[PDB]
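Asks: Each chain, letter by letter, is given below.
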Amino acid sequence: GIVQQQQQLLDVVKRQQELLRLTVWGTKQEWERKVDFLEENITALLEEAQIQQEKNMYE
Amino acid sequence: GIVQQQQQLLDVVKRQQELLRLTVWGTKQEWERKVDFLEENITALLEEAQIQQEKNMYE
Amino acid sequence: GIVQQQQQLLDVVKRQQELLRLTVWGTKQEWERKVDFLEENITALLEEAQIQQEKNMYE
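Chains as they are written, first to last, in the authors' numbering: chain A, 6 to 33, 48 to 78; chain A', 6 to 33, 48 to 78; chain A'', 6 to 33, 48 to 78. A prime marks a further copy of an entry chain.
The hints are simulated quantities; they were obtained by calculation from the structure and are not laboratory data.
Keep in mind that a hint or two might mislead.
Same chains, same label: a pair holds when it works inside one copy or across any pair of copies.
Unchecked claim - As a list, the in silico DSS-like pairs of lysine-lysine whose alpha-carbon atoms are at most 27 Å apart:
| hint | residue 1 | residue 2 |
| --- | --- | --- |
| 1 | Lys74 | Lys53 |
| 2 | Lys74 | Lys33 |
| 3 | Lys19 | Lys53 |
| 4 | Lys19 | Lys74 |
Next comes chain A alone, as it looks inside the complex:
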């Protein structure tokens, strides 16, 4: 149940991430320094969030 919704929210957020990399791609000195670290933290966070989904889903 909640684990299903869990993966749905995680895909909406996965896709929006690609969409943001796009509007940042379109938009594009200190800016591309901030926008860059955020693109890395969110990729890590998306994977930790994925690995976790795989764990809750074993149960």
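Use these hints to put chains A' and A'' onto chain A, whose structure you have.
Replies: Leaving out everything else, chains A' and A'' in the frame of chain A:
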């Protein structure tokens, strides 16, 4: 509990979607071809995610 | 379990919010009127979503 948070995350993500359509609206050949499919997949994903919330919420 | 993933999704969404404020910062009359209310609703929603995480996490 988790179902409450579930809907909150789903609304934050619902709103950001409108906000992205806006920065894409402001930003705006192959770009508007990629950015377009993402706007459709995420709308479908937002609805599947909604219909699911309605299911987990019956319990 | 689901409460762990819960906070992960809430941080990915927390970060993307900063990233959007950035592409809106880069992008930037009625536009900055719509984009503004969305930046407020989502901040409120992020906090309600946080306070809620603190509640589900007491259990």
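Asks: A separate judgement is required for each hint: does it hold in the structure or not?
Replies: Hints, verified against the model:
1. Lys74 - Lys53: Neither: 32 Å inside a copy, 32 Å across copies.
2. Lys74 - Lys33: neither (38 Å within a copy, 41 Å between copies)
3. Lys19 - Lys53: both (20 Å within a copy, 15 Å between copies)
4. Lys19 - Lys74: For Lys19 and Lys74, both the intra-copy (18 Å) and inter-copy (23 Å) Cα distances are at most 27 Å.
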